[PDB]
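**Student:** What follows is each chain in one-letter form.
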Amino acid sequence: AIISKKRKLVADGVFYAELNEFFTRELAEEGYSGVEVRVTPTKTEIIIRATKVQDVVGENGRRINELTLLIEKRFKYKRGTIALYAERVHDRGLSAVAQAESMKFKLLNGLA
Amino acid sequence: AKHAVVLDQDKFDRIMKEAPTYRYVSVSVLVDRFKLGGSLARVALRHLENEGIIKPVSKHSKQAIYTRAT
Amino acid sequence: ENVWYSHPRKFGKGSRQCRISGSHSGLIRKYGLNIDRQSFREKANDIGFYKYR
Amino acid sequence: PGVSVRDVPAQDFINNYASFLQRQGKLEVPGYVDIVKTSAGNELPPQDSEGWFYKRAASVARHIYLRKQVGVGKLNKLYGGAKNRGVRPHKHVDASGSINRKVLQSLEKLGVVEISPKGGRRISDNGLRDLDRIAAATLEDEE
Amino acid sequence: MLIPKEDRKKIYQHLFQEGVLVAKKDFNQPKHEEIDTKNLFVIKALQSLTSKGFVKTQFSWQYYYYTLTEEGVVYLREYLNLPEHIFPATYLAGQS
Amino acid sequence: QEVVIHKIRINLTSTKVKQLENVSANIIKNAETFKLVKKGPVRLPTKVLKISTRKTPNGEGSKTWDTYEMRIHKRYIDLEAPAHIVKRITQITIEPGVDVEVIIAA
Amino acid sequence: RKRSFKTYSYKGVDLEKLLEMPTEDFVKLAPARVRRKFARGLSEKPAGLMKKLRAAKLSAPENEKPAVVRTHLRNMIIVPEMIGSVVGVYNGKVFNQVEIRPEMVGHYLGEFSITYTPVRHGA
Amino acid sequence: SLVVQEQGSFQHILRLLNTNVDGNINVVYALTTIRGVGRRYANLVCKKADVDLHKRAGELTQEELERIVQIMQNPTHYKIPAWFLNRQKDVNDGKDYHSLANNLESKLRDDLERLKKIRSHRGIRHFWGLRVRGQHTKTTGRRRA
RNA sequence: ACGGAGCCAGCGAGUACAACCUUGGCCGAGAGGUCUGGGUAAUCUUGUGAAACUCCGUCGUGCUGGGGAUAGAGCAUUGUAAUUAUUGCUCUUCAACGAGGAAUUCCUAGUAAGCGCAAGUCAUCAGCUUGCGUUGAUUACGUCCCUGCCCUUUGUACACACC
Ligand SMILES: [Mg+2]
Ligand SMILES: [Mg+2]
Ligand SMILES: [Mg+2]
Ligand SMILES: [Mg+2]
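Chains as they are written, first to last, in the authors' numbering: chain D, 3 to 114; chain Z, 36 to 105; chain d, 4 to 56; chain T, 2 to 144; chain K, 1 to 96; chain U, 15 to 120; chain P, 8 to 130; chain S, 2 to 146.
Any given hint could turn out to be false.
Claimed, not checked - Across the chosen pairs, the derived CB separations fall in these ranges:
| no. | chain 1 | residue 1 | chain 2 | residue 2 | range |
| --- | --- | --- | --- | --- | --- |
| 1 | P | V93 | U | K77 | 33 to 41 Å |
| 2 | d | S24 | P | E106 | 18 to 26 Å |
| 3 | U | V18 | K | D7 | 37 to 45 Å |
| 4 | U | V31 | K | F87 | 40 to 48 Å |
| 5 | S | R68 | P | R77 | 33 to 41 Å |
| 6 | T | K38 | P | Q104 | 46 to 54 Å |
| 7 | T | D8 | U | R85 | 17 to 25 Å |
| 8 | P | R77 | S | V133 | 51 to 59 Å |
| 9 | T | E141 | Z | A104 | 24 to 32 Å |
| 10 | S | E114 | Z | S63 | 30 to 38 Å |
| 11 | P | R77 | U | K77 | 47 to 55 Å |
| 12 | S | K118 | P | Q104 | 53 to 61 Å |
| 13 | K | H14 | P | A39 | 35 to 43 Å |
Hints in this document: simulated from the structure, not taken from any laboratory.
No residue lacks a Cβ here, since even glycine has one placed at the ideal position from N, Cα and C.
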């Protein structure tokens, strides 16, 4: 950075696709669905949609503040420019991935 | 080889006598009279446009057609 | 700890690893992906790459 | 009326320019004449051999007239072509590097070519005069 | 595992400031980012931790991810010293 | 008091078109309210990124291919306007996804 | 009698100079392949082997052969410093014995060993 | 340019360098017929003679042939850059040289011997009568010498 | 075919923590060096003035200047390392092959066929490949003759289903 426009946007898409697959593996218990990464000047809003939102947040900055620092150490960033917001899903049934991880758990746990 | 490549003064004279009053004149049609080879005919075509005698129709490289001066 | 544990692997197949699996076979380096085409093929829609024509 | 360079076709122009150069004989010699390939793919050197280079520099002159600022490589690339590379298929490679440079260096001393800014070479005052006269001379031969 | 113990103490210390660690899956690497040790030795150390309680481990995209649990925070305090009201990433520094 | 025009170029490059075109419409509408001399939303050629790939993992069966490609929409909104009015138009008119960016140096 | 047959050699003159011309003149007096190698960084190519070749010549019985200097580095070229000494060119299996002569001047060690056993049935 | 006037018939072959210079045709391509000369070398030689390449040159002057032959023998004396040659860089520390006739085929057979003496990966493959320059004959060319 | 001369594309792709594309100038027959730039790219490379083409000449239907394989030697370049030629270039070697039997592939329009470019893999290698543009026909515009498939009726001691 500065890099070419065509290489930055592919590295952004990668970055997102790395993050996406991390939060699939890391937030399995929380019932994660998908990320919505906004990149404005200074701050970047990494919004994460999940079912159990209280579990993603933890106890007022605990799991999200672990993960923000992890993202900084992966991709060289500083504190302040990255900011996590864990929101609820507008109707969980409509989202496929939420149901996928529910079906994942129901099988893992023990059910017909 | 099929011969008809050798250059001589006797062959030089026959070409000049075989020049005037000839409809088709080209590299092929000279060689069709068992004459001097392709280029030697092509050179012989070049001499026949020195001072008239045979006048041109086409001008192309290999497609070089000429006709007698009417 | 031992001295000679490294051939000069600046270039070629052995140097260029992928981001995901760690593979030296069918490696997309175009647009600096550094991804084995099979993981790319999985996540292509995530990385912005869509099938149009 | 108004006389111009383009009205004469490029084939007859370069021949008239070549003869014009042979009349002076002050275009200069490079030092590799007929000990030279011309294009890096070309099994046989120039067939005309003696002369030849006068047709070459005439060609570079008229190309530099038509274009804004032509250098060496762009001439090489233009004048290059197809390698009979073997049982493999053909490829494009740029023509001999130096010869085109010796064409340009010689044209600079005569006063055909002038050095241009940014990158390459353009046309002189006295270069444009000979171009137009040679154009006028070939038009008289057609008429 | 055969670690010069000074290098191990630096890794623990560096772990406790962050409360987090982003190690590569890159053995034969001469030195780690931030810490002045080989990457392999950091991974051996974070392998040694994961086994005896602690330390929540992932292995995605050639990057290991290690967060310290409640019992992980207790044992790192025991190794180093620092008694109470300290860094990690369990709570914020001030306002951020 | 200042009125010092630095000549600022705005860079809009993105995948999504209907966002980008709406973003580009929003900046020119702000320029119309603030009433500035500006060149309109210039539209540069779309750099299409073509990753050719065989569909298979194994390299067996028929030899099928997928052109996994990426659309890119490179745009420009050149301003003949001061530094302070650019600081305003950077603060507002920010949408998600589209890469807003400023050159600032003529 | 004066000249023994003809000079066993690289490009011109006789042997007497070959044996005392170290590397630098021998590089200048060679094909492009050897010059390019010397132009690039030399580290561990002439380090351990040449000392053994020099130690082999010093500790020899005189008239008879020196000790066989076994070589992984078959990529080395025959410089004239160690003509006469036998060398074991490594083919994966067997340090295969090659005799360095005054005619093997500026050729690789590898090209005098052959890894595969050549083909039979019909030549 | 000019058709052959005057009696003509000045010898069809024409021997040169213990080899057959073909009558009529051309100097360049009569030179190619000689064992050791090619098209680009022979065109280089014709420049030094100052004979027209358009002419057939089986009706050559004898002094012109003696120039040509001397140009074949001596590269360095005449204006030949000396890496336009058949052989270059050979024996101990000295000079480049080449041949173009019976002298060259003998020189090739001497260099083939030199290869056989050194027993190189090239020279070993010449003994077999096989494929020197690492070319695969798994499929291609099932007849051979 | 070989010389010159004319000389018109499109897809592309390309480095700042590296070593990318690399014009312009000098050296070198080349390959390729070197200084210097411009370019993180409708900006510079790049009109990528690519090839086949078009013009004027050389040879004329001879294993010929067609055809380039095999070879020898050198001169370059990549890389730590090139012999089991990495590739390029130089000169030399001039082999087979005068349109290919039985067979069978692909194809209905900017297509086929020709031509080259291009990225992909890549430090270095293009006969490869996914794209691209140039030149641009022939011949249907049908049929079930073959091949395959599909239904439908029929038969079936089959249902792991004609292995
Ligand atoms: Mg050809
Ligand atoms: Mg461009
Ligand atoms: Mg031949
Ligand atoms: Mg089928």
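**Student:** Which constraints among the numbered hints does this structure fail? Numbers only, ascending.
**Tutor:** Violated hints (numbers, rising): 1, 2, 3, 5, 7, 8, 10, 12, 13; every other hint is consistent with the structure.
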